[PDB]
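Here is how the chains run, residue by residue.
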Amino acid sequence: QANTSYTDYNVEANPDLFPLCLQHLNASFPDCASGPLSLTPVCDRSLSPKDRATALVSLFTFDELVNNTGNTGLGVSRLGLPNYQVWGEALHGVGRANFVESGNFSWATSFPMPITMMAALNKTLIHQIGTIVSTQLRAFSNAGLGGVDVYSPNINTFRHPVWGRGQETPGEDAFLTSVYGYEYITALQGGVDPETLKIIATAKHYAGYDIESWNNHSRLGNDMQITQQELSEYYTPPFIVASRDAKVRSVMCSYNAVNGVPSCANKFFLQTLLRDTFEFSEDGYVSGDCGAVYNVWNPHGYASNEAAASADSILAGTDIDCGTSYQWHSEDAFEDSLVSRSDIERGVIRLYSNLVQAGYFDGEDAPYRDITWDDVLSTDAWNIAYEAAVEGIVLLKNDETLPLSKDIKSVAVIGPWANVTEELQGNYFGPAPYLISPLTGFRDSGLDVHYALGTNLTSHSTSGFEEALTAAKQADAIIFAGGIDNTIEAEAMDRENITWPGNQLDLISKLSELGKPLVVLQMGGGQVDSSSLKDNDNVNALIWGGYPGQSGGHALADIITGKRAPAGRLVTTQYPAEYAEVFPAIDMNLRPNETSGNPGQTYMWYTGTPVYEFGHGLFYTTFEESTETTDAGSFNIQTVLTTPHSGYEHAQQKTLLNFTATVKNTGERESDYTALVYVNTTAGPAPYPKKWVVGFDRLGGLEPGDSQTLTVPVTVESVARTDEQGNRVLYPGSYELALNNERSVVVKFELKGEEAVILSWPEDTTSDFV
Amino acid sequence: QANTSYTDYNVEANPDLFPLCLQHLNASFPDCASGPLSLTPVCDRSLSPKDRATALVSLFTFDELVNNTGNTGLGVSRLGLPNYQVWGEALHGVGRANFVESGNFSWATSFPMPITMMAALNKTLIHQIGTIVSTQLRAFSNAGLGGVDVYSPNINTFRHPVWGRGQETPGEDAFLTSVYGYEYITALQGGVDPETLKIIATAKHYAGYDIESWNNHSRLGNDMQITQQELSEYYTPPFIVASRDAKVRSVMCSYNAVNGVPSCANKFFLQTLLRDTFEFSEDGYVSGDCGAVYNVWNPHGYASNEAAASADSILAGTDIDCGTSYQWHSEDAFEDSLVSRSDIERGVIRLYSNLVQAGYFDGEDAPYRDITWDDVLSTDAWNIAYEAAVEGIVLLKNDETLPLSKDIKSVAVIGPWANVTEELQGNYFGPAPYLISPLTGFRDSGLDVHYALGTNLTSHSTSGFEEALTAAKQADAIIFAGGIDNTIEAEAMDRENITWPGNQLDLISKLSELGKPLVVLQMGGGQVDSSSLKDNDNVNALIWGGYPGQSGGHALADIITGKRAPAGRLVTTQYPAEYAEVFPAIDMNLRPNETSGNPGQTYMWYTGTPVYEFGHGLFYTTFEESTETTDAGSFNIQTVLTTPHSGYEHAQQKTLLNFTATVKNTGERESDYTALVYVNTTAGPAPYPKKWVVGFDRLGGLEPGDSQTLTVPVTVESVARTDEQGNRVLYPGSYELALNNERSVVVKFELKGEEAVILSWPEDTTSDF
Ligand SMILES: *[C@@H]1O[C@H](CO)[C@@H](O[C@@H]2O[C@H](CO)[C@@H](O[C@@H]3O[C@H](CO[C@H]4O[C@H](CO[C@H]5O[C@H](CO)[C@@H](O)[C@H](O)[C@@H]5O[C@H]5O[C@H](CO)[C@@H](O)[C@H](O)[C@@H]5O)[C@@H](O)[C@H](O[C@H]5O[C@H](CO)[C@@H](O)[C@H](O)[C@@H]5O[C@H]5O[C@H](CO)[C@@H](O)[C@H](O)[C@@H]5O)[C@@H]4O)[C@@H](O)[C@H](O[C@H]4O[C@H](CO)[C@@H](O)[C@H](O)[C@@H]4O[C@H]4O[C@H](CO)[C@@H](O)[C@H](O)[C@@H]4O)[C@@H]3O)[C@H](O)[C@H]2NC(C)=O)[C@H](O)[C@H]1NC(C)=O
Ligand SMILES: *[C@@H]1O[C@H](CO)[C@@H](O[C@@H]2O[C@H](CO)[C@@H](O[C@@H]3O[C@H](CO[C@H]4O[C@H](CO[C@H]5O[C@H](CO)[C@@H](O)[C@H](O)[C@@H]5O[C@H]5O[C@H](CO)[C@@H](O)[C@H](O)[C@@H]5O)[C@@H](O)[C@H](O[C@H]5O[C@H](CO)[C@@H](O)[C@H](O)[C@@H]5O[C@H]5O[C@H](CO)[C@@H](O)[C@H](O)[C@@H]5O)[C@@H]4O)[C@@H](O)[C@H](O[C@H]4O[C@H](CO)[C@@H](O)[C@H](O)[C@@H]4O)[C@@H]3O)[C@H](O)[C@H]2NC(C)=O)[C@H](O)[C@H]1NC(C)=O
Ligand SMILES: *[C@@H]1O[C@H](CO)[C@@H](O[C@@H]2O[C@H](CO)[C@@H](O)[C@H](O)[C@H]2NC(C)=O)[C@H](O)[C@H]1NC(C)=O
Ligand SMILES: *[C@@H]1O[C@H](CO)[C@@H](O[C@@H]2O[C@H](CO)[C@@H](O)[C@H](O)[C@H]2NC(C)=O)[C@H](O)[C@H]1NC(C)=O
Ligand SMILES: *[C@@H]1O[C@H](CO)[C@@H](O)[C@H](O)[C@H]1NC(C)=O
Ligand SMILES: *[C@@H]1O[C@H](CO)[C@@H](O)[C@H](O)[C@H]1NC(C)=O
Ligand SMILES: *[C@@H]1O[C@H](CO)[C@@H](O)[C@H](O)[C@H]1NC(C)=O
Ligand SMILES: *[C@@H]1O[C@H](CO)[C@@H](O)[C@H](O)[C@H]1NC(C)=O
Ligand SMILES: *[C@@H]1O[C@H](CO)[C@@H](O)[C@H](O)[C@H]1NC(C)=O
Ligand SMILES: *[C@@H]1O[C@H](CO)[C@@H](O)[C@H](O)[C@H]1NC(C)=O
Ligand SMILES: *[C@@H]1O[C@H](CO)[C@@H](O)[C@H](O)[C@H]1NC(C)=O
Ligand SMILES: *[C@@H]1O[C@H](CO)[C@@H](O)[C@H](O)[C@H]1NC(C)=O
Ligand SMILES: *[C@@H]1O[C@H](CO)[C@@H](O)[C@H](O)[C@H]1NC(C)=O
Ligand SMILES: *[C@@H]1O[C@H](CO)[C@@H](O)[C@H](O)[C@H]1NC(C)=O
Ligand SMILES: *[C@@H]1O[C@H](CO)[C@@H](O)[C@H](O)[C@H]1NC(C)=O
Ligand SMILES: *[C@@H]1O[C@H](CO)[C@@H](O)[C@H](O)[C@H]1NC(C)=O
Ligand SMILES: *[C@@H]1O[C@H](CO)[C@@H](O)[C@H](O)[C@H]1NC(C)=O
Ligand SMILES: *[C@@H]1O[C@H](CO)[C@@H](O)[C@H](O)[C@H]1NC(C)=O
Ligand SMILES: *[C@@H]1O[C@H](CO)[C@@H](O)[C@H](O)[C@H]1NC(C)=O
Ligand SMILES: *[C@@H]1O[C@H](CO)[C@@H](O)[C@H](O)[C@H]1NC(C)=O
Ligand SMILES: [K+]
Ligand SMILES: [K+]
Ligand SMILES: [K+]
Ligand SMILES: [K+]
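Those protein sequence lines, which keep their order, are chains A and B.
The authors' numbering puts the first sequence at residues 19 to 172, 173A, 174 to 223, 224A, 225 to 788.
The authors' numbering puts the second sequence at residues 19 to 117, 118A, 119 to 787.
Hints are not guaranteed to be accurate.
Cross-link-like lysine to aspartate or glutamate pairs, in silico, EDC-like; alpha carbons within 16 Å at most [said to hold, decoys possible]:
1. B:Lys68 to A:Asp211
2. A:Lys68 to B:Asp301
3. B:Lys68 to A:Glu297
Hints in this document: simulated from the structure, not taken from any laboratory.
The whole structure should be built from the sequences, with the hints applied where relevant.
Here you go:
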């Protein structure tokens, strides 16, 4: 929109937002004791949030209203209503507060990226990180340095491995991503529809959004073709959980179109599904992504100008524009009879219904107003950022080599990821209190360190190889730190292949020839094809370290020395290189299609051979896994659905059965234990998935010789399939539950009786109406 | 459904309901102190109604749930959840409680029918009647003789004069019917979204429902073709007001189809309009009319069988079935994958959310649990049923014969409506404490009364004429009581003409030849063509008495003797007879169509000459009306919509201007004064309405020589028209406001600027999908 020459947004994936949209605001609170609103209904705490917000908005002029329809809400000076910034961020830490240069409020805790947080398979960790982030956000708000809503979490799935924003997600699985959303959202908001909202969370990006730019296909003009079956079974479940179960107060509509219609103008998505099917809060608001309303016109061409784009997005259910479309074009829309004043008010009322419920109008003694800089210091000092990295690092390959023997006195630390700063933080980060590189972690370890760069991330020069081989020949062991970073994968920048960059694999190869223990760190969010390292017996160990955050280097060193033990697992598939060449990344069809050369997408459908599977991870000990009951027997679909469901809003939320096993540490070292529970079946119509996740857990601190019971509740809805119309359906037939990729424990069950619908999927009558 | 031989419901207008649907239930309250529910969340008074209702429904088995999807909810004995009857009625008084034969709870106050209540043009009267009905319903509830929801009020409009249920309505105008609805609903519920609901009201019948049976077109099979412009401008506003403004907690979906789709299976009506456009309560529930879900299958054929009818109605948003379709076919629908269990639960959760908000779970000290038989007696003793009849009687014709001069000592009281009982009550009534006929009113007046039947209502016999002509010759003055009743106009029985029945006009004609003062009472809800009486100089006076309720004869006699003075006005058009012969009553098009022989419908569009107009009524005095400012000047549409709107949810609810006039009693008797304020314009699309109502009021007790100020707020929304897509739009141009049919005061105003949409009408993408 603010471009200075011709810009084709069908190819360019970065919008050009106006400075008003990008402006940070100095935050403050309305004065309900003595200000102009003090004797008016918005300041009457006996009324509902909706009645208070409706009363406030009735006091505005139209010009005043329109100035508060965008993220940069200019306020209403006449009424003592402050400016209010909707555009906050908290992907993995406070991200878009008004950080000062130094001293108080100059930093916030930088956790690992979500892709690393999820690899821990610890739902309690995601919840605790959300509670700290929520506290830190409220500290910035009380200092005047931010608002009380954030555009987090990202609960899209990492469906295709090239995606430049997969790093922001909990991986490729809808079950894990749903649970991540639930934990992070309920932590941010301070409970499940609580008395006072702590931070308003925003589930994004709804929906069908998982490509930035691949092969020139800009997100801003992408029109993704998705079957109702796959929309219902895969592209929407995280949002169903966020809306129905976590009770999220905001959803962000995506830049892209689906089946012809931009999300923010998509009456089927916002009204028929989110509000009428997914039980979205009656007071919930939809934010457009930043420029997405403008994109309804340019470049989608769904509306013929920006005033018509604004009207179509408001009438579909986009309440707040991240942008300047509503602020600068809603008056023209009104004067051209495209919208009523009441239509424009509806979204601002919803926003302020949530600010009322967060205590914005309730004065200095309301909940969470007493959080200070000292609460940022004391929550950071818990070192949960370090704990998260320790739990989410994944061991892909090991012989005897890790943890390093007491005989290893010196390490050569080599490669582009060894000496780093902000690379540790991925994207959507604020300033950190410190950043510990892998180099620094080893320097702090008390091993002798010999550092050589060796090669840059994307280089075809061997200039630095000799210095690196020299360091390696004189050390007892070699740590090579490489992979990808946000110079390769970012917002508006998908990868065009899924191989290691530059000549990193060539230097690793030469390092493997020296007769020394060789440990490789594969960093970054997306996976790279490590088949050459898998196959090389002289590459002794391989770790995926993701984006490990402010304490990353200490976590990596502590795992490598065995001060801590790994138990993370991959939450995406590491595909072979050819996967990214053989079919278009914009093909949204999950099921294999030999005709189109689609081999099937994600661990659920892929018919090829991963380098390392979804759910792969190794330990510093051995486990023996067994169950008392390998055959859980039969359950009648009609019986399970027709008994009472005390404690659940819906019958299908009940536990169908517990997956239960005995896990014994039969090895030499204490370790945590991570478990994924997969279901597979021939029930329902072909084609059939290989399997799908129905549960997960992390057990803590199994000492050598000790046993712990694993108990994973498998719900009725977790084993439902999806019919060709998008209905969620329980089908009669044979099922198996399996522990991990190797299926160490298998529990069989049968569903008897007739098919039953558990979710009725509404017909899309709006997207193609004439 | 329960028919014993083949029944064609395309022609037959009465459903055959199963006895379970029709069964009255003994009412009781769940025990949240000591019963099985006491330790569960539905008995936790700290939670929301919705959370409490969701928690209750989660305790049920599916078979228990399904037994509570119909109006006759069987309860859940395991949980101590009582049976609960959703089918209550309170059209104009308690109507469907478990009345006992004699003594306490054997009767309730029987007010005039709505059509007579509205003719008073007294919005406070409608509210006060609702408050008394609400209090009497609560007395029956506390006695275990009723529930706490009613299928009232009827806020359809009396669009076509043949309709057998027009009597139940506030007349043909959408503004009046919207105000009636708002006042009666807020009175029933005990406020505007109050803390505790008093009685759950149900706006009915949504939508396009205004024909029973005319020319064998049964309501059960009728598929009414309505433009989006007329659906928005006329057939839905009373429901928009009921939902948005009165905050009604229930809507009843109608028997008929509109534009191919039965109302109860109509996603556009229930979801896109009522829920997504009209701000229906997030906890509100839709009831089908009694048998309506069954009719989605038989006879509409929208669904192929009763299970599919049930599933389509649930998915569209019909929460509760008045009938046995949900109770006896829901399980089949679930087992055939037509609905989920959550789909079936949604409607019962909505019903119980309202029952929780009415204090149903809150025990004997909850609000309204202290109302007893004492409160029926004390509210009845206020005599508001009498006052309503006095205020809603309409004087159509008079030459100073009324009120009767003191020289009249004897009256001949003749005709089929003289000696009556339940005729006074119209329909949807319970037992009354007493019923005063016109004959008893005159016997109580201290006039000497000579009674003669004269003729029966629908008679081809002159056998009683001689005895009536004799009584008339012997008396000083003749009162003829006639018209129509529920033997002519009823549910499942439209009129086939709009003329006086039998030979009543022949006997009046003969009585007009005797050189005595002659007063005719035209009784019943629909109008009959009284042109022969208008034109006969020897018919001295004509009164429209509607259905005037338990005290009706005292109200008529007190008007006629001048103990009270009439001020009511007609709330429907009295059309000439040929109006009911020249175009089909099932044509819903309001705008005149010369090709189809449609002359335009209602006072807003009719291009013919009424016998007596909508808004016509006479007084026992003369009034002089004037205003200081006849030109209120210009208003800019953008300016008016862009200033603040403090105290209003919507800008368009603001007053645009006040219509004000000085009204002086220039005559010799104290009188009330009634006013209709009409607007007319050349703004917006042709064709142009003749006029439409934007306001009304009733001033009280103007003594001779007394002046009062009439002040009627004209809101921005009241003068908005409707475009071809159904949007409510304010148009620039020239407007006139006019006091009454004679336009005694005219105030001009101009709107300037650009058209503005004040209500965006959503596209119907579902009806033809
Ligand atoms: C899956 O992920 C889980 C979640 O992350 C992992 O569980 C976490 O493990 C961490 C690492 O061990 C624990 O971190 C250490 O915490 C202690 C402080 O503990 C106290 O406070 C904790 C936080 O409390 C707040 O948040 C919770 C949870 O949301 C609330 O419930 C509280 O009310 C409180 O809320 C406030 O703040 C929030 C956020 O702003 C707001 O939202 C609220 O409104 C409030 O303002 C709390 O969790 C602890 O509670 C545990 O311990 C209690 C007994 O002490 C016990 O009653 C509780 O039941 C709970 O018990 C369970 O957990 C403990 C956990 O270890 C078990 O032992 C127990 O048996 C039960 O399972 C507690 O109240 C902190 O001091 C540590 O930091 C020091 O040590 C670390 C080591 O890593 C160093 O790096 C630091 O630098 C630091 O060093 C200082 O102190 C040293 C010792 O004194 C000293 O040596 C140094 O010099 C230096 O001064 C850690 O930060 C974490 O508590 C725990 N979280 C939870 C929820 O359990 C889980 O392990 C993981 N894996 C698996 C397999 O599950
Ligand atoms: C348009 O229609 C209007 C509404 O019907 C007409 O106004 C009505 O006129 C009638 C006839 O004159 C009059 O009837 C008399 O009422 C006498 C008792 O009055 C007191 O109580 C009533 C009822 O109170 C309850 O209801 C109202 C709400 O409707 C509520 O606000 C109260 O709190 C109370 O609630 C309780 O019951 C309800 C229902 O069950 C529950 O919901 C609730 O929980 C409670 O349990 C009040 O309305 C009266 O209020 C008037 O007087 C007070 C001050 O005294 C004023 O402050 C108030 O504004 C109002 O004033 C208006 O009316 C009075 C006359 O009453 C005028 O003087 C004044 O100028 C105003 O017009 C009282 O508090 C009752 O004793 C009397 O019965 C006796 O006479 C009859 C014959 O007439 C005999 O048969 C009897 O046996 C008795 O001997 C009679 O019933 C109504 O009170 C009045 N109603 C209202 C709402 O104003 C209006 O005339 C009409 N026409 C025009 C031109 O406007
Ligand atoms: C679930 O997937 C597992 C793993 O592919 C299938 O395993 C086979 O089961 C049969 C017994 O029915 C054995 O004879 C084979 O040896 C098994 N193969 C493996 C790889 O273990 C299982 O059949 C699938 N179950 C369903 C119900 O779909
Ligand atoms: C409002 O309606 C009145 C009719 O009541 C219109 O007044 C008539 O105007 C025409 C001019 O076209 C005259 O021929 C008639 O004599 C008028 N009749 C009466 C009874 O006054 C009036 O023009 C309409 N105004 C608008 C703005 O539509
Ligand atoms: C910006 O790009 C658009 C096309 O996306 C174009 O129409 C417009 O002219 C450009 N603006 C400027 C100032 O170059
Ligand atoms: C709207 O915001 C602009 C700045 O973007 C400001 O100059 C203008 O005064 C605001 N309008 C009103 C009515 O406050
Ligand atoms: C910095 O923060 C600490 C802890 O909340 C506080 O004591 C100190 O007053 C702050 N400094 C200023 C300048 O406010
Ligand atoms: C590490 O990188 C920093 C820049 O962050 C650079 O200044 C420093 O010289 C490098 N350290 C070594 C040992 O080369
Ligand atoms: C690595 O990149 C830096 C920054 O461009 C450059 O100065 C340096 O020469 C490169 N080193 C090698 C070994 O290529
Ligand atoms: C498989 O791909 C081919 C070639 O694009 C296409 O014609 C066919 O519709 C696809 N099948 C499905 C199930 O989408
Ligand atoms: C599953 O295990 C949990 C935890 O022990 C238990 O409370 C629950 O009753 C079990 N559910 C079933 C179906 O066995
Ligand atoms: C009732 O009438 C229907 C047609 O409406 C017919 O199908 C059915 O057989 C009748 N029932 C009986 C028992 O005659
Ligand atoms: C209601 O109570 C009466 C009196 O005990 C009893 O005769 C009748 O069977 C009960 N049930 C119904 C359903 O009316
Ligand atoms: C459902 O209602 C019938 C009566 O119509 C009754 O016999 C039956 O017991 C009820 N079912 C349950 C589960 O209560
Ligand atoms: C009937 O009502 C009166 C209240 O007027 C009360 O005193 C009496 O006890 C009641 N009769 C019975 C038998 O309950
Ligand atoms: C009036 O009708 C009643 C009830 O039909 C009848 O019993 C009575 O005799 C009639 N009165 C006269 C005066 O005919
Ligand atoms: C009027 O109808 C009644 C009842 O059908 C009949 O008994 C009576 O004889 C009729 N009277 C006249 C005058 O037709
Ligand atoms: C007038 O219509 C009624 C039904 O409303 C009918 O009984 C009567 O025969 C009709 N009169 C004539 C003269 O056709
Ligand atoms: C008038 O009626 C005719 C005949 O039914 C019809 O074709 C025409 O469309 C109608 N005109 C309007 C404006 O509806
Ligand atoms: C209109 O009349 C009402 C009722 O008296 C009054 O409150 C209001 O202020 C008046 N408004 C104008 C514009 O005069
Ligand atoms: K492949
Ligand atoms: K009679
Ligand atoms: K006519
Ligand atoms: K105002």
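For each hint, the structure was consulted:
1. Under the criterion of a C-alpha separation no larger than 16 Å, the hint pairing B:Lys68 with A:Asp211 is consistent with the structure, at around 13 Å.
2. Between A:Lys68 and B:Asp301, the direct Cα distance comes to roughly 15 Å. Compliance with the 16 Å bound is thereby established for this hinted pair.
3. Straight-line distance between C-alpha atoms of B:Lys68 and A:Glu297 comes to about 13 Å, which keeps the hinted pair within the 16 Å bound.
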